[PDB]
Amino acid sequence: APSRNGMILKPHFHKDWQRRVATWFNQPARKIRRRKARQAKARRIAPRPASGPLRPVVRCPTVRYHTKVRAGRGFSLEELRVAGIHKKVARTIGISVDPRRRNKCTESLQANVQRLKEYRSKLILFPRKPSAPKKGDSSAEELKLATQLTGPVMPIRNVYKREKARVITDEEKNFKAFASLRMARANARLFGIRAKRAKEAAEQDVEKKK
Amino acid sequence: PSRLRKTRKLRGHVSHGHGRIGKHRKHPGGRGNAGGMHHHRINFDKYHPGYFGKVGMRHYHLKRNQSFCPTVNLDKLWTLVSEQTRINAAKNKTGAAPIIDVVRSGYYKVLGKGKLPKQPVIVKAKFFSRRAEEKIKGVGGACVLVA
RNA sequence: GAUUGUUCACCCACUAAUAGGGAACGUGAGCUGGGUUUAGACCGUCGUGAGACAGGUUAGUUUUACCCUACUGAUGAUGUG
RNA sequence: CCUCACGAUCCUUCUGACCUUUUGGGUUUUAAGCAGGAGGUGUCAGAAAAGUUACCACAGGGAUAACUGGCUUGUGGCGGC
RNA sequence: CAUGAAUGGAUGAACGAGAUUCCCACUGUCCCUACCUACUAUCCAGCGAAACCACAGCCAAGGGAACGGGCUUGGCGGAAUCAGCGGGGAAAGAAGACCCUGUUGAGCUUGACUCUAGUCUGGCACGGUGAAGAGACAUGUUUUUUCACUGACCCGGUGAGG
RNA sequence: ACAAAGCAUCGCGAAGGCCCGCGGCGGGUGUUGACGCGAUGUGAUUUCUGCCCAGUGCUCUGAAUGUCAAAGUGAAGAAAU
RNA sequence: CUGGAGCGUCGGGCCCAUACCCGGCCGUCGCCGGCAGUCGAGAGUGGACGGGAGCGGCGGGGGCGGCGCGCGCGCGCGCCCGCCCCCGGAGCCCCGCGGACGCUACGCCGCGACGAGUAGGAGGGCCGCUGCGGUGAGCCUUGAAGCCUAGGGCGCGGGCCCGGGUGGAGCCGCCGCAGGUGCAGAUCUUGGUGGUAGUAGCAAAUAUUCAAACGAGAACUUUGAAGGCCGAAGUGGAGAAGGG
RNA sequence: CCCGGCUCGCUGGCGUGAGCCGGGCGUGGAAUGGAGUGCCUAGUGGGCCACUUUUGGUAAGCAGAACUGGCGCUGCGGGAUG
RNA sequence: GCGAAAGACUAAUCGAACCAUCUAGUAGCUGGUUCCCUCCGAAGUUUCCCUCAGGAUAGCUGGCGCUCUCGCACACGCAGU
RNA sequence: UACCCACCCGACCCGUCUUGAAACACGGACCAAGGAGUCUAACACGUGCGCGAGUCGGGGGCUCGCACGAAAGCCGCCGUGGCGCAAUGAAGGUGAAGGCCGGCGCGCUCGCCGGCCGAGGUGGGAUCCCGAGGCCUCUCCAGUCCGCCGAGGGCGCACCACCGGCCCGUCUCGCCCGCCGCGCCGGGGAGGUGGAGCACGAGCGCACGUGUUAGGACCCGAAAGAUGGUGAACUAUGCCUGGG
RNA sequence: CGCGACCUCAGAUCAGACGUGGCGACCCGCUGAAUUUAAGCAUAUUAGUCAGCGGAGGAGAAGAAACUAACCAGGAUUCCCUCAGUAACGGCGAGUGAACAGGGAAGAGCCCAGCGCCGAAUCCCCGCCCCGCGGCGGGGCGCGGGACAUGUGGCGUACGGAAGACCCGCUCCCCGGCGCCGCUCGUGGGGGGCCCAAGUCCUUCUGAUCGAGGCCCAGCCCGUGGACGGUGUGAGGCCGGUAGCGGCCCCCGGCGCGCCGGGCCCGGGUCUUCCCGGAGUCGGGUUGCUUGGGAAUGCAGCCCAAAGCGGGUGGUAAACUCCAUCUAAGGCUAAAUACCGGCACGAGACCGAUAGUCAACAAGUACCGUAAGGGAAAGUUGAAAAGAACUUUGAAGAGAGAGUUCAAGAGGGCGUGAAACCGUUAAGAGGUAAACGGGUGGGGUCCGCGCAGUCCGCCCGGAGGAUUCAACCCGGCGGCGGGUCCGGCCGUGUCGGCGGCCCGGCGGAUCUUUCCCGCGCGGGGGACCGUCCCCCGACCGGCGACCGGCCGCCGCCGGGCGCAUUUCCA
Ligand SMILES: [Mg+2]
Ligand SMILES: [Mg+2]
Ligand SMILES: [Mg+2]
Ligand SMILES: [Mg+2]
Ligand SMILES: [Mg+2]
Ligand SMILES: [Mg+2]
Ligand SMILES: [Mg+2]
Ligand SMILES: [Mg+2]
Ligand SMILES: [Mg+2]
Ligand SMILES: [Mg+2]
Ligand SMILES: [Mg+2]
Ligand SMILES: [Mg+2]
Ligand SMILES: [Mg+2]
Ligand SMILES: [Mg+2]
Ligand SMILES: [Mg+2]
Ligand SMILES: [Mg+2]
Ligand SMILES: [Mg+2]
Ligand SMILES: [Mg+2]
Ligand SMILES: [Mg+2]
Ligand SMILES: [Mg+2]
Ligand SMILES: [Mg+2]
Ligand SMILES: [Mg+2]
Ligand SMILES: [Mg+2]
Ligand SMILES: [Mg+2]
Ligand SMILES: [Mg+2]
Ligand SMILES: [Mg+2]
Ligand SMILES: [Mg+2]
Ligand SMILES: [Mg+2]
Ligand SMILES: [Mg+2]
Ligand SMILES: [Mg+2]
Ligand SMILES: [Mg+2]
Ligand SMILES: [Mg+2]
Ligand SMILES: [Mg+2]
Ligand SMILES: [Mg+2]
Ligand SMILES: [Mg+2]
Ligand SMILES: [Mg+2]
Ligand SMILES: [Mg+2]
Ligand SMILES: [Mg+2]
Ligand SMILES: [Mg+2]
Ligand SMILES: [Mg+2]
Ligand SMILES: [Mg+2]
Ligand SMILES: [Mg+2]
Ligand SMILES: [Mg+2]
Ligand SMILES: [Mg+2]
Ligand SMILES: [Mg+2]
Ligand SMILES: [Mg+2]
Ligand SMILES: [Mg+2]
Ligand SMILES: [Mg+2]
Ligand SMILES: [Mg+2]
Ligand SMILES: [Mg+2]
Ligand SMILES: [Mg+2]
Ligand SMILES: [Mg+2]
Ligand SMILES: [Mg+2]
Ligand SMILES: [Mg+2]
Ligand SMILES: [Mg+2]
Ligand SMILES: [Mg+2]
Ligand SMILES: [Mg+2]
Ligand SMILES: [Mg+2]
Ligand SMILES: [Mg+2]
Ligand SMILES: [Mg+2]
Ligand SMILES: [Mg+2]
Ligand SMILES: [Mg+2]
Ligand SMILES: [Mg+2]
Ligand SMILES: [Mg+2]
Ligand SMILES: [Mg+2]
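Protein chains in written order, with the entry's author numbering: chain L, 2 to 211; chain a, 2 to 148.
Hint data in this document are derived by calculation from the structure and do not stem from the laboratory. A few of these clues could be false.
Straight-line Cα separation of at most 25 Å, SDA-like style, residue types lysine to any residue; simulated pairs [stated by the list, open to error]:
1) a/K27 to L/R5
2) L/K69 to a/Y109
3) L/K89 to L/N104
4) L/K174 to a/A90
5) a/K110 to L/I169
6) L/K105 to L/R82
7) a/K138 to L/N175
8) L/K89 to L/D138
With these hints in hand, go ahead and build the complete structure from the sequences.
Below you can see the structure in the form of C-alpha cells.
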C-alpha cells in the first residue's frame, strides 16, 4: 500500500531468498587459503615467474573500450613463425599460446612480436642437466639470479605519446568538422538507395536504346 | 540500534503507535504494487504519471557498449590538460596551441557549453557538437576528428 | 367435559360466575414435548437438477446444583452474673 | 439558442508523412514505432463468469435479522366531550 | 389451490415393535390420593473427588448499554452452620447450529466460464504384392473404384503330431 | 425407506456389450455365449397401463448442394505467402 | 410541610467549584534575555588637544515641561604663580587597572507568560534489564547476588537510595558501544496453589453370624461351626486368540 | 498617486493599447496580534447529542440534512440519580 | 474403498480416512501488545474503488525546520472581528 | 512516609471492542516463571560526520601460526564502475551561450568579418557600504579624536515573484544556402509550444531517526489446497476354511 | 548319411573377474503442486521450488566455440565483482526478468573415428624359469590357448598432417627393481610418544585461602612462558600446562646420488604431390513443456528430412543480395569453484537448564498409536560421606538426646530458597462483603535522642597558663612577574641572496630522441614550471618557544632578632 511519493519498487523477494543466502564469513579465511597457494606455487617452481607465463598485448573489443589494452589469452600462432619460436616449445618456455586468434594488422602483430623478442633476450634458460650443452644461458647468467618475477611478467601499461603544440595551418582551421560528420552519416545512410538509381538510370540508357 | 527506537517509548502503550480503532492488521491494501489501476489509482495517476502502458519501440537484445558516448563541455577542457600547458602558451608568441585528446581523457564526444578562454586550441575528439565547433573556431584553433 | 399441538375457538354440562389481565409475551438444572424448527422419510407443486416450498405427513438422545442468594424448616449467636 | 445526452489501460483495425526502426552492410517485401481517427468495457475511472446445501464448515458479526426487554403508538382495546 | 395410470393407476387375503379411529374387559391413567417394602439420601467410622470463581453476593424505584449486586434515595443488617429447595445469580456446560458478510471454504447440481480422462471421425506414420478396370486434367500426371495375396501385421487351437 | 421376489424396457454374435488400467500383445463378466452377460425402470396376487414424438434426449443401410482441419490438392508471388 | 417547608412577584443575608483575585509553591515557551568579567536606570555621549580667556556660563517657553541647571568649574592646598599629582591603593553602589561564590559556557539567573487529553507524534528520562571496549590503585571470605524485612530516607516517578538477617561467591559506579529489553490482559505458554471442601461421593448380583488361630494391631486373613447364594444354558471343570 | 520620455510585427485617418527607461511627490476607516514558506508524516476516515432550521414518518430514544453548539476526547458545582 | 441403497462404514474419525511435509499457508476478520514524566494534540470529513468490516486520495496532527520583523523610544503584515 | 486500628468526606471492576460499559456484552480463580513490532533488501525524507566536480568499494591484491585477528594497515588499485558530473527524443541524433561594440554584406530586427565583455534584466530581497544632520564635551572661539543617535543614498547574496535567454522534441512560418562529390544531400532563420532541460555545481561516501514496502513479518489466531506415505485390530462387502 | 568350417544361439555350482544396499550437505538427470501472490479469479507467480524419483565424488557438472563480436577486435571451464536489477515478458500487471564488453581468482591443454601410410607393427588368457610381491608387476623362454582381416599397434587429426626433395643443427628421455645420500617451513614436512622457569618465602586473615601488607626495581623469583584448567575461596611461582629453529625416540610422508634390469635412433628449420569432418544426424513442419529467446531461447514426441566453395551462426518472418566467424553428428581434464551429511579441530558482542538442539542427566530415552509416526519430564549436599555410631521412645513409619560438620535454619529430590498458598505465636479490629480515595486521631513496632540538644564557626575584650616567633635584616635555595628583545636560540608575515637549485625532493600528458642504455617505443639520464631547503642581510607578529643576564615581587630553608612581640591552650 503506497503512501505519497516513493518509487515503485519491484523488490524480488517473492521467491525464497531465505533458504539460499550465502553469507561471506569465509571471505577473510578464503583470502588466506588463496595466500597460501600464491605462496606455495612460487616456492615449488622456484626460479620461474611467479605470476605465470608471458602473455600478449591485446586490444579490448567493443567501441567504448577500443583505447585500452590487455594481457590477452596467449600470443597468436602467426605471431610465432616470425619470432622464430616453435609453438610446442613456447609452451615449455613460459610463453602463452592461444592458437585461436585471427591476426588482422601488422601494427599489433609486430607490437606483440617485440614482446617475444624482448623475452628471449632477458630469459635465463636453466639447462636440462647441470653439465648441459647449447642454448642454456651460462653459469654467470645463472649465478646472478634466483629471481622470481613478482607481479605480471613485463606488465602491460597503457602508454600514450605526447603531441607537441603546433601552428594550426589555415587548412586545419577551415575544416567544418560538424558538417563533415553529417555528410558522412548521410552518405553512409543512403549509399545503398543512391546505388539503385544508378542501376535504374543505367537501365533507362539501355531501355531508351531498344 | 534497539535502544534509540520509538518501540522502546511504546511500552505500556497498548496499540503501539498504530491505532486501536482500525488495528494494525496484516495487509489491508494488497501486497506491494498492487491495485495500480483499481483503487490505489489516485497515487499512481497523480504521483507516478505515465506508469500504465507501452510506448516506443523495441531494440531487443540491446548492448550499451555499442552506443557508449560520453560528453565533455568546452567549459572544462582547460582542466583535462595540466594547467601549466595553458600557462605555457597564452604567451609563447608562436601560436602553439596545445593538442587535447579528449579521447585520451575518456570521452567519445565534445559539446559546446560555457565560455572558452581566448587561447588557440587543437581539440582532437570524436563526435563534436556544432556549437563546440563554432566556439573553438571563433576563439581560434581547430577541430580534428578521430576514429 | 367432547373436539383441538395449539394459544384462539365451538358445543355439552353444572353453577353463582362460568370477567379480563400482568409478573422476561410469569413459570425446560419444575415437568412434558402435542406443535414449531436439524439430520431419516413421504405425497402436492415448482425446478432441467442439486434441490425449493407458514404446501401436506410419520420416526426423531430434552444435560449439570455441592457453590452465594431467596424461601422452608433446624441447630444456634452476642446480650440478660 | 444553454443544462445530459458518452467512456482508460492493454487489444484490434483505417489514415499520415519520399517519417523512424526492422539492426554486420544493401535492395525489396514483412513486422515494430510515431501521430491522428474507429472496435469497448452500461458494474458509466473500465472484474472474460450459473445454481443449491435441512449433510454442511470457519472467520467474524448485536454494524445484519427471529425472542425478551425500551421508546412509539399507526392498528387494537378501553374511555370522554 | 394442487390426483390419476411401470414418475405405474385401482384393489387386498395374510403379515407388519409401521400411522390413525372407535367399542368390551381392564386397570393409582385420573376424581385423589393413600399406605408398605428394598436401595439411597440422612447420621457416624474409614476413605475421599469434580464442574465453576473479576470482586462478589437482602430488596424498590430512579436513573442508568432503555430489566443492575455495586450506585441514589429509600427500605434495612447479629457470629458459624445442617437438610432441603429449585425463585435469582440472563448460573454452568459449551468464541450461538437460527440470520448477514468474507472477494473464507467445502459437499452436491446443470443450460455458468475455463479446462480435462475417455470415445467417434479425419489426416499422417509402420503401410506391401499382384490384378482388372474407371473418371479428371492434359494432349503424361492425378484421382483412384473393385477383386484377390501373404511376407509384415492380426486373431484361432495343442504336447505345435500327419 | 431399501431390498425383495414378480412385471417392464435396452446394448450386445466376442475387431462385442458393459467394464476396469498408467502400460503392454494390460485385466472382470468369463471354468462364460442371449434360457447369458451386461444396462435400466416399476414393485407380491387380482383388474388395468388412457391420449401426446409440440421440447430435450435416445436412436435410424436416412439427404449430408446447409457448414467443416489437418492435412491434402488448385493459383499469384520472389516468400513468408 | 399547611396563615405552610404549597404557588405568583420581590427584598435583604448567607452557603459552595478544579471558575476569578492575591499569594505560595512544581512543569513548559519566550525574552533577537542577562550573566564568559563591566556603570548605569523616561540616559539624552565621552575624550583628546590646542589658542584665548572667567565668574563665564547657553541671559531660549504659565512652559507648566521635556535640553540644560543649582553639590562647585576654581579649588583646597602649596603661595598674584604652581598644582588640580601614583588605586599594588578610591577605600570601595562603580570602579572601564582584574575579576562570582556563580563560569559542568549544553553552567546558572530574571523577567513575564502560560502547562483538560483518548490515537499519534515528539521530546526528555544519574528510569529499568542483560552483553562488550574503556575507565573507576571501584567493592568482596572483615561476606557478593539473590533473597528477606509495622529498620531512616529521597524522586513528582522509572526507581532509587539507606537500617537488620541469610547467604554463601563473586559483584557493582561513570564514559562509550551492543541487545532476544521492562507484563495483569491475549478461553496467552509451562509448573504450582486455592476457594469450592473436608464438600460430591465409595447404591447393580437377596447374606451374613459365631468361635478359635495367627498375629503389636483383625469387621477385611485363616480354620472350624452355622446361615446363604451360583446353581450344570453355572460363579462348575479344560482350551484359542489374546495375554505373557 | 502624480510628471517626463522611449519600444512594438499588434490597432488605427492621428491615436490607442500594451510594454519599458527616467525623474516628482508618504502613516489614507475601528480594534487585535510578531509575520512568511518547505519537507516528512500517525491515527483517522462506523461517530453520536443540544438550541434553532428542516426532510421522511404519526411517532419514536424513529430515519436523513442545515447551522451552530457539545460528548467522543474531559474531570468539577450544580442539575437526588444519570 | 466398500454400502439389500439409509451419505451407511474405512479401527471413539466419513458429504469421503489417518500420518508427515509444502507449513510462519492465507486472512479487509476476533484477542493482545509489557517502564516514568513534559508538550501539542484528531477524525469519523473529500473525490475513485468488485467500493459499504476495507482501502485510495481530500482534510485535521506532530515533528522537523527554515525566510524574515522588532520591543534594542524609532513595525509591516495578517486576521470565523 | 510505611503497620494495625479509629473516624469524617469521596467511591462501581479492570481490560477491551466500542455514538455510548459498573454492564443483565466478552477475557479475567490465584501465583510464579515465559510472552508479541524483530532481521534483511530496496526506496524516500530528516539529520550526524569525511572529502568535494568527486567521492567511494568492493571484489580483488600486497602485509599471519591471529592471542588480540577471522581484526588493522596499505594498493599507477582508486577506477575496470556506481553514483554524480546534462537532456531530450518512439528511433537516426542533438546537445545549454548570451550581451555588446565596430566593420563588412542594403543592419532587410536576414548573412558574414574584427574587437570588447561574459552568464540577461525587474521587483522584492538578511543585508554590507556610503552617509546630510544632530547629540555632548566648565566659559568664547578654534579645532583634531571618539562614540551614540541618524533622514537620505550605494553594492546586494539565499530565497521568493516576475520579466528575458540558450539545448533537445514537435508544430507553424518563412529566409539564405555549402557543395567530395548530384541534393527527392546536407545546412543554416523567425515565431510558437512540449521537456522529469541548461542559465557559473552538490554529489559522492559513511552514520542514525522516521517512514514505506518487499520480505513468516508484531504475536497469536481458520474452514481449505497440494505432495507423498499407513491402515479392513472396528465395520462394509466379496471369497476361502472351520462351529451352532 | 556322415564328417568339417563358420554364423547365430543355449547350457555349465566351469577358470577368473564384477554388479547390486546404504550414506546422502554439496553434486548430476528428470518430475513436479498447491498454499501462496495478483486485494477474486482461471492468465501469470510460488517456480523447475517440495515431495517423488533417478545418479555420482572428495568435491560434483563443464571444458578447448558450429563461441564471442562488429573492435583499431577478442579467444576453453568455473567462480567473485561488475554489467545490474539493466535489453525484454506480462488480464505489459504481479512479477518477472538475463545477457554482451572490463577487472580479478585461477588458469593447461588435449585426445578419438575417418583419409592414408606402415608382413597386426596389436591385443587378450595359459606353462616354465629370473627378479618383484600388505595398491599383482616387470624380465626372459616356450608350434601353450584365443581375438582380430566385418580389423588389433605406430604416425596423425585440422592450430595442419602426411608424404616427398635438398636448407640447418646434433643425439637423453621413459619405466621394473635394487640400493644409498641430503627428514625436505612455521618458522623440523604428518602422526605418536616421550620430555624442558620461577615462593607454598615472611607475617596475617580463614574451616580451608588462592585473599592483604611485606620481602634487595610493585615487594622476593621467573618471565621467547602473566592463555586456560586443576588444585576444601580470587593463585604468573603448587600441578598440568603456556611460551620457547626447546630436546630426544619411533613411525609415516615426500622429495636428492649410485647400481642395475629393461625399454628408445625419438631433432630443427626450406621447395613440391596429394588428403581431409563423423546421418535417420543437421535442417524443416508440428505439436508438448521451459525462458526471457521472442513470426519459436531452450528442450520434446511425431511427420517430412538434406548438402559438400557445404553447414551453423551472425537474436521481428521472408526473398534476393552482398560481408564476418566457427566447424557440429565421437571423447578427457586439474585449478580456483560448492559443502546444515562424516571425521577432526579452533573460536564467539551467543544461550545459558520452562533458555539453549527433542536431548547438560537411562534422549531420540520413558510413554502413546496397530502403523506412518508421535514423543516427554528430569542439572546443584558438602570440600570430605566426615552420610546420625550410641542411649532412648516408639509393632513399624517417625521422633528426643547425642554425634558429625565453618555451616545440617547444607541431611541423601541436600547450594539459595520468593509468591500464591497454607502452618501456628502477638496486636488490633469486626451487624451494612470486602476492598479503595481525601482528612485527621489512638496504638504499636521500631528509629533519633537528651540522664540540658542548648547547636556550632569568626573576630574581639578581659583574666589565667605555655612554646618560639613572627615585623627586620643576612646566607642560601626555589618560584613568579617585568622589561632592555640586552645578548643568544625560536618560529610568522615581507624583502635580499638564485644562495639549496646538481651537494632539495616530488608532481606535472611541461621540453630535448643536440644526451646515454635497451629494444618508433620502453628505461635511464639532461632542460621547464609548480612545489618544498640553506646563507645571510633588512622590516614585522617578538608570538607560552626558550635561554642567559639585570630587575621588581613572593615563597621555603638556614642564620640572626628573647619578648609591651608572635604564637598554643583553657
Ligand atoms: Mg594471476
Ligand atoms: Mg497515548
Ligand atoms: Mg487493539
Ligand atoms: Mg382434558
Ligand atoms: Mg414465556
Ligand atoms: Mg430441560
Ligand atoms: Mg427455568
Ligand atoms: Mg415432536
Ligand atoms: Mg426431517
Ligand atoms: Mg403421485
Ligand atoms: Mg417436475
Ligand atoms: Mg436551431
Ligand atoms: Mg535480421
Ligand atoms: Mg544479412
Ligand atoms: Mg431436504
Ligand atoms: Mg444493534
Ligand atoms: Mg452496540
Ligand atoms: Mg421489542
Ligand atoms: Mg436462564
Ligand atoms: Mg466487499
Ligand atoms: Mg470453491
Ligand atoms: Mg456449456
Ligand atoms: Mg421407465
Ligand atoms: Mg402411460
Ligand atoms: Mg423426439
Ligand atoms: Mg498535559
Ligand atoms: Mg541477547
Ligand atoms: Mg516476565
Ligand atoms: Mg436367583
Ligand atoms: Mg482352571
Ligand atoms: Mg472502521
Ligand atoms: Mg440510528
Ligand atoms: Mg439425505
Ligand atoms: Mg469491529
Ligand atoms: Mg443492562
Ligand atoms: Mg467477543
Ligand atoms: Mg545503475
Ligand atoms: Mg483451491
Ligand atoms: Mg548407489
Ligand atoms: Mg486477500
Ligand atoms: Mg488471490
Ligand atoms: Mg481464494
Ligand atoms: Mg497459474
Ligand atoms: Mg516456471
Ligand atoms: Mg521465473
Ligand atoms: Mg526434492
Ligand atoms: Mg566467455
Ligand atoms: Mg593460575
Ligand atoms: Mg582457580
Ligand atoms: Mg611448571
Ligand atoms: Mg539438435
Ligand atoms: Mg514459465
Ligand atoms: Mg566438442
Ligand atoms: Mg567429461
Ligand atoms: Mg570431472
Ligand atoms: Mg528444569
Ligand atoms: Mg530444555
Ligand atoms: Mg533446587
Ligand atoms: Mg534451582
Ligand atoms: Mg549455611
Ligand atoms: Mg546451605
Ligand atoms: Mg559452592
Ligand atoms: Mg533448602
Ligand atoms: Mg502467617
Ligand atoms: Mg489474636
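Checklist entry - What hints, given by number in increasing order, does this structure fail? => result Violated hints: none; all satisfied.
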